[PDB]
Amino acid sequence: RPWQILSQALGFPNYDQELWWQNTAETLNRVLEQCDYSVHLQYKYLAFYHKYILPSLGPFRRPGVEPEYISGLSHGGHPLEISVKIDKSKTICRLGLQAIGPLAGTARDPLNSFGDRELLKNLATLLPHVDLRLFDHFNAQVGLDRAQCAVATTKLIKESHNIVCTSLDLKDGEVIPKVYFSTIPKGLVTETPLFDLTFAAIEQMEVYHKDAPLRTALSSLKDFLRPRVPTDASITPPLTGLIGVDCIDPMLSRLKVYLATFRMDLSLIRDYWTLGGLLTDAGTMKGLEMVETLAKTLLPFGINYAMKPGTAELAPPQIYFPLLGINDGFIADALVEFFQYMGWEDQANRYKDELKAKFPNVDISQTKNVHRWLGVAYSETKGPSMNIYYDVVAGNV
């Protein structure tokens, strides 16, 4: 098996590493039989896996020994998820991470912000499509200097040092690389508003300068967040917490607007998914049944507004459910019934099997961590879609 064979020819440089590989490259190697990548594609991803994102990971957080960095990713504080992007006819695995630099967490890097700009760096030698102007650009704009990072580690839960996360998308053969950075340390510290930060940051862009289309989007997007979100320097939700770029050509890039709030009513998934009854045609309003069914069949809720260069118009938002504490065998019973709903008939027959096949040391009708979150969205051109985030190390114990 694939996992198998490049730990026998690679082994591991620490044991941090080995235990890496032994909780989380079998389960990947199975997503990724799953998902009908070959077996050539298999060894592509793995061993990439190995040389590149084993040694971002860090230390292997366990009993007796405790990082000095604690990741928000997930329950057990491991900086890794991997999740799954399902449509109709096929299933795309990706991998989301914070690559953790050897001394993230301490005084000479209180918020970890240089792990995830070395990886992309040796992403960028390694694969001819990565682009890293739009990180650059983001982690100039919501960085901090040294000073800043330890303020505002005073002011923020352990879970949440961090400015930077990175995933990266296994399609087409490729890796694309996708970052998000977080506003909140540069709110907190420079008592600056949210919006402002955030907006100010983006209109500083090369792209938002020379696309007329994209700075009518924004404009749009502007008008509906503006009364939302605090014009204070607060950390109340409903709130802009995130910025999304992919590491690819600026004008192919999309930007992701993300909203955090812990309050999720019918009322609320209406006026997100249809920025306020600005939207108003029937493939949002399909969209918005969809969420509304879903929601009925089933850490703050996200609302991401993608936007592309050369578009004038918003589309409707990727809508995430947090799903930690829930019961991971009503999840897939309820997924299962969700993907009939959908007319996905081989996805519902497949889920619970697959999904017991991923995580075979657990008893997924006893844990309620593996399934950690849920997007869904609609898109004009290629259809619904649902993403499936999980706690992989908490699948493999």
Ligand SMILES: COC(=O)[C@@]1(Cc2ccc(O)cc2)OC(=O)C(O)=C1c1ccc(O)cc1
Contents of the next structure:
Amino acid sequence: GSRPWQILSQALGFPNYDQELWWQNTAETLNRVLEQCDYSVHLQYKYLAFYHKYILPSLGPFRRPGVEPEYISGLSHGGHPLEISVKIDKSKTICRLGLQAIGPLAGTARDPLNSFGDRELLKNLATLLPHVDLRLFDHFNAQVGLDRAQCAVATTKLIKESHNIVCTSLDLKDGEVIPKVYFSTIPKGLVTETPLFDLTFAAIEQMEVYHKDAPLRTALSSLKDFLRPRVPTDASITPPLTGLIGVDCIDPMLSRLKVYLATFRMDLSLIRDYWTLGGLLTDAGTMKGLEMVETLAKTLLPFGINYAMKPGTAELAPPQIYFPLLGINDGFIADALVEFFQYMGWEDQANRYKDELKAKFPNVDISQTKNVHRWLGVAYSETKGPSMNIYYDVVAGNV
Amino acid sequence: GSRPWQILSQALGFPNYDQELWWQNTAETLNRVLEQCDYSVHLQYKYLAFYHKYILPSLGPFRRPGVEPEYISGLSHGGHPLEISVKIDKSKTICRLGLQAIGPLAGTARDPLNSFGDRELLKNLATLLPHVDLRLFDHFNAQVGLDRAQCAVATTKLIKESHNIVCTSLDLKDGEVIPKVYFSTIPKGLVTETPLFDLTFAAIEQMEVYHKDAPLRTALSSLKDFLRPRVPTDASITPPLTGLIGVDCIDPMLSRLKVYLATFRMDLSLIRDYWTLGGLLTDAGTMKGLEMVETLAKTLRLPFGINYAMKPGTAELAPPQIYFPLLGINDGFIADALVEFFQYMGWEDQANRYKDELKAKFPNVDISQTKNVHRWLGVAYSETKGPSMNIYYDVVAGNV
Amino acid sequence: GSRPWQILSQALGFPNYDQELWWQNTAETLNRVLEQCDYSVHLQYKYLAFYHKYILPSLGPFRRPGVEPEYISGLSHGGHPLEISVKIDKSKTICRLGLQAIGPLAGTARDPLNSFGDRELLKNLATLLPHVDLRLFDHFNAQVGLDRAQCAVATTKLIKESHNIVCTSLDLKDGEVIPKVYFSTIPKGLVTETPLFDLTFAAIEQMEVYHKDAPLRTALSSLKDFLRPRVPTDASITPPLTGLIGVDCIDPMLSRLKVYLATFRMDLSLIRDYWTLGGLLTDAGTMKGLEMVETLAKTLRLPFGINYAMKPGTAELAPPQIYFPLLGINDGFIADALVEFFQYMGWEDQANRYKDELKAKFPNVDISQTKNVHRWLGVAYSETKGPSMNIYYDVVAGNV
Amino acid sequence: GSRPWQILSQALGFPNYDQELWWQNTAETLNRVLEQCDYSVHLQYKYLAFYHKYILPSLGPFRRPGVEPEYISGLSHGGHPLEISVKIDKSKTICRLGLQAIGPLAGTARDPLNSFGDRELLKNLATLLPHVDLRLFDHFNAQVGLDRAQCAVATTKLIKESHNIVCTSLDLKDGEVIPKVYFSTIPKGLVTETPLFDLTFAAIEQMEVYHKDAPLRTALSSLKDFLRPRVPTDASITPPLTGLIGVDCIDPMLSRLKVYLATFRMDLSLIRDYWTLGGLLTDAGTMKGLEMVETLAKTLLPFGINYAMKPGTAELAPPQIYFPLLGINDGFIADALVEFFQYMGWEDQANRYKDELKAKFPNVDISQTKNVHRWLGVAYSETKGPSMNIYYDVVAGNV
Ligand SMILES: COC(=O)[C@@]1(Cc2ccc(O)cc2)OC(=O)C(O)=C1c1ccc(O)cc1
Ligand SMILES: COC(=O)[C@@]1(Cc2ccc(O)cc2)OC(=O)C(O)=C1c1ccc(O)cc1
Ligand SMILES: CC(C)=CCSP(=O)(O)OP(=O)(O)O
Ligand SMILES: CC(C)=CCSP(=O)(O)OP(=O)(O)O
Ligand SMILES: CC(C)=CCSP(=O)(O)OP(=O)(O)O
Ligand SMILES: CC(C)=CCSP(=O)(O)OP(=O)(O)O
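Form deposited with the named molecule bound structure, per the form deposited without the named molecule context:
After this comes the whole thing, all chains and molecules, with the earlier chain placed first.
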């Protein structure tokens, strides 16, 4: 064969069988996504060669019948620590990878919450890529990381699929690899009996950039004013809750700080309350985005609400909202998205979605699966416009 | 041979020649120091095996004639990223290793200040040892580390032996390995054109434990009041200066925070000023330590060091540890001086064995002829623990 | 804990969980065997450190409930590629390790018969140990190894526990590590449809040392004359058969060449036929060994083994080593039988300690309840060295 | 940049600085050679990704001012264990890599003759490539390899650049990687005081394939009849001598066995004696090849003569002859080859040689270098026709 995923298999082979199985269950889809997103052949080789060298060893064992790994990830249905997502606009689509980098003692007494593998991966990316900055990672790792004893405590109070402290995404954008990370607040909250709100904002307010940037301190107090009445004041894990803190692994003055809420209830009034920050945002841009989100939910794991802030900007923007799609028929989802894209006037996206979906996941019949689409994120930005993020359980789509 | 260093060579061999050379110029001395400090044979194997597995690969290429590494360390005279030290009390002597963990791209464009190797080692120590903790490492790495472009700027403003941000020490204490790290403030100060005093305290004041611990804040407040009129208010790298921030890689509530001053000027009057915090400390214990330190200086190039160590839950400053620079002074003279100081302290047994044991620690060089083997001598007095002496050796200088 | 196996765990930790599990189910027993054989503490550290560094990564995944490796070994009952043996004389007891070095793609399409891992280990042993020699390994790898397509054919004609071409033993003798290997003739016989006898002797007769050494050729000629009417002339895999070729990984002029027969039928008459080479050997030493072997059999599923060992510069065959298969027979009964045989041999001290030491070697299982821990018992008599007994243990079966 | 060598640098980075320097001094030229030989872009990525993963770590340290490695290779002027060669016909050109794979203790007491690194590389290729066969390697490694003590002896009697037992070539042909190896007879001859002739033929006559193939035994006795009067009968290292044994790492029934003579004298009468095997080959094909070789030498380290035999074939063919080009001006060499290609009627090769040469080695002025062309090999085959092999010191052409 002569497609890049095939050529790279032929050129590089595999250090071990797990890496080979990961390639066999993901690289073909990845090359198809890249192709369908109009990445050049040179960028397809770039990202697939990157994937081979850096990501395959980070994915740990390939969970399969008869081989049960010590560490089970909540990123996918089968426990595989990988997702592939697309960020769609009217005119372009970006591919992103989401993973946990699995350490070799992950899920055992010497590393109960997989505390080390992501930062090792990011260390290797820092020597690969000139623009990668580890200072925000390190800052939040210091604030919400746990020692081994604490990690062992947390594993006693959390389901197997939530034994995590961090996870990593890689945006494959502008011919670069752009890393970002999310940190879990729940283990520290549980182990220290600290309110999740308190620890989130304590960690944020100790950032060097917070100390240097008045506009960020302005946006953050507004967010605190919105969130304080809505999340617990005590130490319980009662949604709605501040469950993740996200940063970009770039210059801290350029990084978006993300505060992610998880909740199990989402009805119209809450979508409204989240999206407008309780009536704080009432401008036409926010309201057009709201219409979009209400329409999506009508046309169609916790819900996600992600508030993203940037140094230099004092005003909050509407969040990105995440809908879990696990349990919903994938062909139905496809047909609903086609409708939604037509509603948005993204005609070319509507005309190609379903056929391109089948071509991403040729081993599976999408009319009969319910776990291939895992999440959908919807956003509206004053400057970039509407976008949709679709997260796929790539392993479910290949096995 | 059947000594532990030899047995482990025979059992383990070496992955590459540089590691073999490191072992050949350090492992015998380390085994000797361990023996001399009355470590059991089982602990000697524990530490030498640990050294072989964890430390040898972290030391990088062995700088030698015809082979010049990309990365040159300031830890030793020959550019080797290694020191061995002993801390001597009344009751016992502890051995400690000091290194920089050299990344494989260190001192090139992809890693100009060797920014990654020490954290890599510490990660490996965290799955090895159950009480190793990375949170203070990570905090100070966030606050005084630099991105690649900044690291590149810093190499244009620093001599080649100062292209570093962190180094690591490992106390071989009880039967454990206890890691500590020290972060340099100079690269960030130079790149951001920020006074060293300001960026040092800015980084400390953002610690989680600073926010939780009134006693630590109070101690730090007293230290700032002492330091502010003595160290530069401008961005200059001139003495005395706040050059390093030390932490123990343990539960941050138990970690000592160390602020290390470097300076070239020292006389009995400055000894008193540092030791007593300009008259703040006046008690019997402080004045007794002061007398000891004065006597050492009388009995006796790199800067002097002054290390102020603070613990969460302690509100008051104690006197610092004072480090005497010994590079360039003949090592036989130093051994005679130490024998004298030991007798002055009443440490007869230490006085009577110091010279013979020195010879025996460095059998492949005549230590009476060298001037680089003793690098530093630190002296401290604790109300709790009594007086102690830290002797730091350039092990490679004592072996090549 | 302060025993060497514990100290090395504490010093070294583990690269991954499988290695940790291997250490947790084998290292205590190995330390016990070493102690029991009167190895000094320095040798105990030497061998345990060697085991940790070289052997743990070679053992592959630790087969356990919920985790089924791609490659299953025939060396043990649970599929683990490991055995520990002791060779007991009048004067002393030597410990030996037996393993297959598992490649990372072993038992998949890219490496169906685990064809690479053992040579990789041996390469690492050659830079570790100065008297390790790869030439006979390489010779037999050339003559009875198979390419990938052939290896794939062989997996269709063999049970999963027999997907192998080579295995390795390491004698822990004097203060050294002495490697030996054994090559299987079965895969090549099956794939090429060639009689095992023919391909075994073809491979031997192409040795450089065969061409240089008349005495070896003469010995081999006598062995062929004995074997030819007893083993199949056709291509069948039926007993008695020439199933393994053993060599020592040393100077080929000093290496013993071993031809190992497997067979299921054994009674006193066949014992005599094997031991005396069908009446060829009639001397006092041979008949005395014969009596010993007969008594063992009376005192006492896997095939019997018969191992004919030949040395360059020796023209005459000596009696073989005979291996009794013990899998499935209760281990407390075996211990009682061995005590009886030891008393018969006059080895009182061995008789008096066998059972207590067995218990102590396998402290996490009750060896009186098991039937898989003793796997093999080999017995030999040398004119030169006297009688000896090799006991092979499924260490993992004695620990899980 | 977007050329494959650049893309792969961006995607993969480097495990260490030596590997980065090797890439910086060879990968650009390699991509240019591949390009100039009309390899597709997919094969350029195949071979460059292979190069990165398998060959860079095998090349050991990058010898440079201030960094003197323990092991110095005789493959190049600067001591670098690498060459890049092209095999030219009238219609196509094949690129090949020649190296020694450098072990981490090479040239020190634990590995005095670099005895291990090639077989480790070949082990990794055997899991990469289905067609790679290690049985001939192992056979000859057993016959001419030395133990450590013996290796240490040999290093006392041989120059630093001849402390070798094996070397490896990789033909980049038909979208595959095809390995072949040469083994050095000199260390064993020196250490055992055995005649080189005796040990060469002893090793060959112990091959399993020799025992199975009458035609090969027929060709080999003819070669012995030719060589016995011409090389030493005693154990001295007096050229002409049988100095290398070459095999292909493939099915032993398909492998060409090569017996390489080294000599320091080459005049017309010897070229004649070698090429015709002493008057044994007098057919028109042999004689047309002879004309070619005589013309080449007129138009333009020991000389090389390589006799290659294949199982199933009883008759010998003319050897390939190797001319060392070290010390001769590279622009002169270029202009001479241009003339030679015109004499052969390879007009298109003549018209492109010099410009393509400069483009392979843009960092150097070929009119002023004398070490870029290291060797030239000339062959004539009954079935494939004439061919020329040109061996470049790629590091000399880049530094
Ligand atoms: C927001 O949802 C999540 O936190 C996770 C894991 C999870 C958490 C709680 C649940 O009840 C079910 C799943 O579900 C996911 O699909 C997912 O990607 C989760 C996740 C996984 C790894 C992390 O490091 C963080 C979040
Ligand atoms: C035929 O020439 C050679 O053997 C080598 C090494 C060499 C050998 C003898 C000399 O007088 C000068 C150089 O010169 C080379 O250019 C070369 O590639 C040689 C060589 C290198 C590595 C090997 O493993 C075998 C031969
Ligand atoms: C971890 C999960 C489920 C969502 C993360 S938010 P995101 O970073 O993917 O969203 P954007 O990439 O910022 O558009
Ligand atoms: C490495 C340098 C110059 C000083 C280190 S201070 P220290 O950690 O050795 O002092 P203590 O070990 O706390 O006595
Ligand atoms: C591995 C099997 C079944 C037999 C090995 S025979 P051996 O090498 O153990 O016999 P000796 O060690 O030579 O006594
Ligand atoms: C090692 C040297 C200098 C020559 C080897 S002969 P060769 O294998 O390169 O020639 P062919 O590839 O067979 O054309």
